[PDB]
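Q: Okay, here's what each chain looks like letter by letter:
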Amino acid sequence: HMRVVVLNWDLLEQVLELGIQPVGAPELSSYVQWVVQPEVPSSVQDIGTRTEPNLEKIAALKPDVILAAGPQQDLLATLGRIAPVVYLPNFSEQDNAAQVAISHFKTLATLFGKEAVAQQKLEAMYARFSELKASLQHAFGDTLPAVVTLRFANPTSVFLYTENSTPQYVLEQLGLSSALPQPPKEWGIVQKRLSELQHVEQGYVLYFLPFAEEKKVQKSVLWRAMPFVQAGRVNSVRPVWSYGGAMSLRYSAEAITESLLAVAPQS
Amino acid sequence: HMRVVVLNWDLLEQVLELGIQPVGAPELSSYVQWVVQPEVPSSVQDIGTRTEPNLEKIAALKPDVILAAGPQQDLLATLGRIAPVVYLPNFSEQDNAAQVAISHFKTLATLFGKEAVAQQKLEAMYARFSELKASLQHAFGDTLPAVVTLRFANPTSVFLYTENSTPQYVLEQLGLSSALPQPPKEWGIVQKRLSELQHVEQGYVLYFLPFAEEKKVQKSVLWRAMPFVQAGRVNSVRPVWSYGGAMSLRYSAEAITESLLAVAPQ
Ligand SMILES: [Cl-]
Ligand SMILES: [Cl-]
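Keeping their order, the protein sequence lines are chains A and B. When we follow the numbering used here, the leftmost residue of the first sequence carries the number 134, and every step to the right adds one. When we follow the numbering used here, the leftmost residue of the second sequence carries the number 11, and every step to the right adds one.
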């Protein structure tokens, strides 16, 4: 067990799930609102933001390894001057986010000697996927409805999750199909006008919390006139980080299932 | 790369271990409990069971090639009308693991341009055998124990793995001898009454998971009275498919070594 400084939320999730408490992590108070789980221990110090971390505080913590991701790639050489850096990037244009998250989860387990716990959590995850899938095809029957997932950029713009995203993986693993399929992008997202969601005659629309202007959207004319809105096939999803690690796939699956089991028809 | 539909779990493993992602595969839900590794990609659709594959789903998936094994040999003609079929049978009264499974692994790698990846995993498998072997040598001495490997058919019946089976091959790679040697059979198994395990003294007994009636056996008079149970030379083995592909030999070796080390003399 070494002294680990983590520089991204996905990596922060990974080490925590492995039972590795980092001495340094970014934006912890914001982590509470956007990622929620796994819970960051109070012992962990905040070392700044993911894009602009406090190098002096990182050095003062005297880590043994520094874990960096895509957004930190321009600081890799400098971070290396402080401590050895393990660079595990994800959510690139050509990355399949969920598979890469799973692969990184394993490699980190190998590095920190937590392979057994990693296997146990992945096994439980794949089993959990099947349970949730069954819960859906019991409330929806077969076949399962088409689902589109997104976050709000603003009350008139939307981030649709694409083919290489982690919610897409969750949907496929849940037996769900895509209502509005999208080509692979960076971070697994493409930005759309809100009016584009009119093309979702088919089934359900799920949007991830938090969103500060949720109430404003719900009252807007463009939203109240949506096919999925008038049909009641729309719901909010409790905060699950759509740019996280291996276990974020499990959390997403449960939260999505939960929101989708609600607003489901009377069987 | 082509659109691949596989119809058996062993071939599913073989294809996944190479990096080929099939568009269709059977009983994906059960695969998680029985084969476990390697994991199945999310985009893989379930095309039914191994013995009764959904012909319409398979046709709908529009494959460029269909992979079939022994259990699908009567459907080869049917499957031909849908797409070209590659037939890679195993587990006859032949040596399944050591040769066929490994040979099919090389064959499929050539057919899909994954020869380099195949060699890397095979070399790492053999090196892994020696690691787990030396580890067992340290705990047991160079005089390694005799082992009998099986799966429960019933709470009163077991499937002993025979000379030509995959666990028997693995045991020999770990420098382990067989406590109950058995002549070659189909699937590398012979069905015996549980009572015939009373014939096992000094040897270690390992049974594979999952078995839903494990507790039922463990509570029975016949099992509790077994000489290997009283001695402590028993252990369950973490789920590794005993009728899989080449990498299942590695997975089985790790799971078996793990079980034996856990019940090694204090
Ligand atoms: Cl992040
Ligand atoms: Cl099979």
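Source of the hints: derived by calculation from the structure; they are not laboratory data. Just so you know, not all the hints are guaranteed correct.
[Unchecked claim] With a straight-line cut-off of 25 Å between C-alpha atoms, the simulated BS3-like cross-links for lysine-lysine are:
id	chain 1	residue 1	chain 2	residue 2
1	B	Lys-67	A	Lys-247
2	B	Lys-131	A	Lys-247
3	B	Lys-67	A	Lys-266
Q: Work down the list of hints and note, for each, if the structure agrees.
A: Going down the list of hints, with the structure as the test:
1. At roughly 40 Å between alpha-carbon atoms, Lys-67 (chain B) and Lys-247 (chain A) are farther apart than 25 Å, so this suggested pair is violated.
2. Between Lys-131 (chain B) and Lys-247 (chain A) the alpha-carbon distance is near 22 Å, which keeps this suggested pair within the 25 Å criterion.
3. Among the hinted pairs, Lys-67 (chain B) with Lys-266 (chain A) is consistent with the structure: their alpha-carbon atoms are about 19 Å apart, no more than 25 Å.
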